[PDB]
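Engineer: Listed below, chain by chain, are the residues.
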Amino acid sequence: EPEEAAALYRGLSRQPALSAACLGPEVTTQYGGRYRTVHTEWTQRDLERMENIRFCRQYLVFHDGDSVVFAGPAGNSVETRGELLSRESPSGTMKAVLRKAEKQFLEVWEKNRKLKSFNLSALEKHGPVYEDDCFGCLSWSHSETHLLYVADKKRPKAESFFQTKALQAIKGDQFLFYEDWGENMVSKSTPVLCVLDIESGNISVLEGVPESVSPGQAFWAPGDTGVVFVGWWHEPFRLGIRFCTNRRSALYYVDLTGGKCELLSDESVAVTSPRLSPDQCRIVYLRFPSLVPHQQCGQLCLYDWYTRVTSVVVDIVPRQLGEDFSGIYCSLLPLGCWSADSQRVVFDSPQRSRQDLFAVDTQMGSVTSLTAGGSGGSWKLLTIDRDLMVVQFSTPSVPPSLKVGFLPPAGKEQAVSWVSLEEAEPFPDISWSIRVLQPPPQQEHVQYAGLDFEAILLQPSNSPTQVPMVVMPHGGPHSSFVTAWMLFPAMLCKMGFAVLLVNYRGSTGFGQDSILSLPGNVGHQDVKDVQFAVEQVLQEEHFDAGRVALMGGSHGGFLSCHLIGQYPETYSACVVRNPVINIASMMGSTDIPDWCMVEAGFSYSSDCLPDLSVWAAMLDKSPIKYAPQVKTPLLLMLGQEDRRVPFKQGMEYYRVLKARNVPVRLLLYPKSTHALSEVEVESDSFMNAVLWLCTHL
Amino acid sequence: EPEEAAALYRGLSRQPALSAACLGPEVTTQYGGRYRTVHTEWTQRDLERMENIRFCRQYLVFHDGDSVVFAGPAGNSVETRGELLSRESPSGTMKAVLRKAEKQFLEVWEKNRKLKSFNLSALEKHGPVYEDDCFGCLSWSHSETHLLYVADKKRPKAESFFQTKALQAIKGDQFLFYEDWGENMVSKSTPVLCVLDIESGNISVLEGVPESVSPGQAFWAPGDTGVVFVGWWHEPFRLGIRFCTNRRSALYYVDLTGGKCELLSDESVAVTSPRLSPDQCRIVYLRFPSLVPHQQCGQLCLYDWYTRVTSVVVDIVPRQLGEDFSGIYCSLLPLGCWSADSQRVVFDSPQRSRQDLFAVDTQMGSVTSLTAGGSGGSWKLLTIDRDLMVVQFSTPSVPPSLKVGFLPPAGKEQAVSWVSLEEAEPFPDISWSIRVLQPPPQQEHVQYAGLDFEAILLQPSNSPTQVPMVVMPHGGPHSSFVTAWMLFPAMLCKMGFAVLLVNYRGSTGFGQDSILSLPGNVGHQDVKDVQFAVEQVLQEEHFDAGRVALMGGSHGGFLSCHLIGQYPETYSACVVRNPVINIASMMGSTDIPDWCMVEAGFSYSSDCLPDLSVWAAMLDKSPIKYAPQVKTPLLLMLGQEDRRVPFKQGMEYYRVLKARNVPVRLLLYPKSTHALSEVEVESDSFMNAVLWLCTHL
Amino acid sequence: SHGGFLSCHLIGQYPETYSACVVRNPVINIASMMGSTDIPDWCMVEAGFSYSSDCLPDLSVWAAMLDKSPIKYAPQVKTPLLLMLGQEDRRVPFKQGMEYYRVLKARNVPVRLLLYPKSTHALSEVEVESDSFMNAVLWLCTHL
Amino acid sequence: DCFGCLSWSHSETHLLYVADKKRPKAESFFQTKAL
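Protein chains in written order, with my numbering: chain A, 362 to 1058; chain B, 362 to 1058; chain C, 330 to 473; chain D, 1157 to 1191.
The shape of chain A in the complex, shown without the other chains:
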């Protein structure tokens, strides 16, 4: 019944999520106690006004130098609006904010006064500011006198030929084509570094950057003598940048005065996420050697500012290093990741089906797991300052909660003590577990033999008893599910279903061999893995084999279609979001053409031409080949403005199915682009999916 589903959706979506945190300066009282403040940003979904609202909250922590004595709240929640970026000064006395209230303003606050405000639009020195997580940045000087950020390059003015003038500007150039960076990057062509002087108020665009690189993720060099940034190559043409770490880039340093850029790394592989040590003597960054896959295991590299020597701290892990580490599969290090002594780095990464926090000693090279053991969970580090770590913890049956802790001395990280700041009420209805699956001998290649995969099973606890099941493979194909808080699986579990999330071979967190085993075999290996997992779960758990449903999006939807074509007597429903149907036709219309070439089994090369062999191979691997066998009812959700997967892919499948009189229902959202992240769109899609599954099962 729709009413119960709507009430349940309201109740479940009433849970907030944490997004950021920063620490304030230390304070000493006359009595002797020492305390400091913690700032946190939360986001929530409001259905009445249909929007994502953000608020800021503050907490107080009393410590004794190496132990947390007390922790409490410090007021109520305040809702903000129009905040794009913010950054506290190194000394914690001023705050810089970017606000879009439309024009963009830069604001400097101190104590209970807005010290200064600049209208960037009026100055007319650049375009809109980059507020994303790929190029955007906002950095202070060590002297706290200048600000550094990135903004779109300025375009020359143009006008039409037949424009009257009162009784300069290029004529006929107002419709030139400027290439952007792909999905969710519309109108973002070429960024530039901008330096602003707080005292006077003069903005300057740095000169010296190479003419064929887009700069980003910059910070001031030691001594405020220059700027260090990461340059992405955009020649001969731009490729997709979202969720893709295999884009050529390098690390550069340029002086404030006019000069020549200096190279600090190798200009043949991918690099990203540089961080400067507290003592201003070394840098650490992430390096990805190969450009074939869009997501892989990376290396941690160290660079010494004075000796100019580069070394490798953490290398590639083929299968498993020890029994607690599997490699670095993240793409961004925390803004604060250095310990006080400037000898250790703390980060987080996926291990198997969970997410853990690790500490690395840049001197020796050992990696220690802080959250090893237990039943599992999802940890996320938000910041570390003077050996005080702030983290978020969540599980499939417990919404996010906040915690703080002190990093123990060297050689004792396995004894960290956590103190709760904000806790969430668990749901005792949901029970979750992990299943390990070993592929049968036939479905194994000689090159990589002995690999296994996993699945996460969610079921209603305390059941009387045949139960229906819903199976979800993830997108990617280089991604994975972690034992964190997920809304829709929780709703399905609370509505009476049993959810099975599959992590097939080729997912992140299982080693480099699993990553490299998939490419070239898409279409038969992962599909058979999912089928084997479903068969084993059905045989063991003793569920209701007559009621099984599928659900997936993007590549997962791809997989979903294949299943309902190859095993048409196993599933009784299917829901898909922006699926991939025909690779051959998709190659010439997407923003990441190398994806199709890599997945099919060939090598991407600029100035490629359509060959018969390549097209035949691509067509042989597409689910459309099995269309005349589909028999299960289908629900399709498409976003018209999608740029990663064009929406005609679903239209071809819809036409093919409808021509044969098969029950198919289609929904098209004219504005949603790829993720259907708008509150209204997401709510409507989820409600439709739940209603469809309940009606058919």
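Heads up, a few of these hints could be off.
[What the hints assert, rightly or not] Which residues of chain A face chain D? A partial, calculated answer using Cβ under 10 Å: (1) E364; (2) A366; (3) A367; (4) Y370; (5) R371; (6) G372; (7) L408; (8) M411; (9) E463; (10) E1041; (11) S1044; (12) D1045; (13) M1048.
[To be verified] Only part of the chain B face toward chain A is listed, based on derived beta-carbon distances under 10 Å: (14) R375; (15) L379; (16) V399; (17) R460; (18) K464; (19) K472; (20) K475; (21) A483; (22) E485; (23) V759; (24) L763; (25) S781; (26) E783.
Think of the hints as simulated: they come from the structure by calculation, not from any bench. We put the CB at the ideal spot given by N, CA and C, even for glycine.
Knowing the structure of chain A, use the given hints to seat chains B, C and D on it.
Structural biologist: What follows is chains B, C and D alone, placed relative to chain A:
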């Protein structure tokens, strides 16, 4: 030079102002220390975006029960937007907010979640919510299950005769006239009490209110058995309500269920600002006996809820009670004004030219001054909870600052200790003093003999030396200047001028005799008082008698025009804002017609008719009579949408002066109504005034 | 349209005869165009096969379609080119021109591209039509 | 010019034309209703 003036205006206007404060619940730590949080709201002027911005800040206070041990900040400032009203729950665990984000929403917050949100517009049970300080309110139940507020009454739907219908609503009634409440109250005709249930979400409009009274300022009765409110009479027609305490009203109580209103006071005089004691056994309110003047000295009345007995705590003060008290001249008591034991009431009031805090013991009746002595200043109480007072302090040479303190036991209030929370940097350039003036024997009436008045003198310290002077009389005529932070006088002092603010006989804070001495003598008494003050100051201080200027608004412009007409060889410039020129023509076009009748010397009665004597008396007292003698250059600023003083008053004077070829400059703002409170309008007017004065002097 | 198809074929097969070329919403790759246009039967009829609903991609049909497209001759183009495209086109999707533009630019050939975000297929808006005609005339005069 | 038309009757009392078909009204699940 305009550039220096603009820079000085920026620097001076960069100062924020405090507007509210509330206290959080008490917290106890394991060690034993006790602390609590303080919430403050600040407002500031931003010239880049030309708007008044509001932010919220929080502080931490550690105490020991009767002494403040420590006080510190608790984070940064957060800018809000769209907040109309807010109110913390009695237990300090939830917060209710009204937001205009256009529709209006009611939000309930708890911890780090927006617990609930209601869209009042969709429910369609009333009109826009009253967010002003005359009728608006937002109250919680003692059980914390219901909310009470006030909203506009619902109007029946209407439609035109020639309206097509698809192939109920009164026809021809869409242009009926609904009378509003006057200045700054456009579209506010008839409020109604609304009660909302948080659990379910059903709104109800209370029934039982008299058909001829507008209700407001309501709160829940003890035991949540009903509602207590103040009803203003709006028959036969409405009069102005802004800055007017002589409007007939009474105090009513009505049960939640359908019933008859019960009267709790006398329905012949003015009443306002009721407050309920912490123990829920008594109420205290302000009563104004007479309706003649728009501002006068009031009485403090006490009502016992169980014995149903009314008594007078603080009565009228003719001239002076002791040497530290002069009467209650305020119009609103603080939301929290009761001491913990429910025996004492703390408020603030103007004493002479300063503002002080007083404590009254409702048992005996004694009044004690907490801030007696010293050189002077301006104090403002914001809230008291469990004997913890939060106050604002300011002076003419020191912007506002915040302080907290503990109320001492009974009989020891003269030993309060203040602790600073936010302090402001003083300006050592400005020096201020107070002058006392005794009128000469001729300018005294037999009825009130022996009265005197005062002036505030601001001059640049450390001057080499003849100095120009600017003279300012206040509006009202029942108001006064207090030694607080004022922007424009500070700017004039810092630009080289000497400012003289006059408090002539008839101002508030000098007793009831001074209040009653003015009415009927407007035109010759106050003008002569100002002239005498100027003469005495010039003779004593040895200023530059050749350069003296005038500045005033409203009644101030009235006095300025009288001065420049009757004494045309004393002033060399004049600037006026929305002045009063002709009372006879103003009577029939303003929203407070009783003002003219009272000031002229007659009694106001509804259904009055124009008599020759009244019109002759009104014309004899107007500055226009002296127009053919004016010789000083004049600057006029007018607001077209003014409803208190129609803007044709200035136009008549402008035409009369221009017809004789006198230097006159006029500025008209199409949108500003009476106070020119818009940031752009205020800045432009102030800059024009300063430039005019500098150019002519 | 089809005129651009023929023009690209001409400038590819005979690269020593023409000194300039201007095209509006051309057809470049029939195989990729089949699954994205509003008249799929056009490609089937022109290629030489019969159109039938519920059709499936066969190797022979795709090979025949690819053999007849001007893209095959891209690595021989030598003449300067001007492209005008309408983003909201539904008869000929605008990626057809983008593929040719990328192929030509990868080899450092003088190419100029104009994209109109709103014009659909005919560029019938007065501003769009005037701008396109002026650009074409200026290009031809400059190169010839 | 493909479907549009506007025709008179021979008696000049009626008019005939063509217009888009009417669609049923729809609303979201989380839509508030008047109380």
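Engineer: Tell me the hint numbers this structure goes against, listed in increasing order.
Structural biologist: 6, 9, 22, 23, 25
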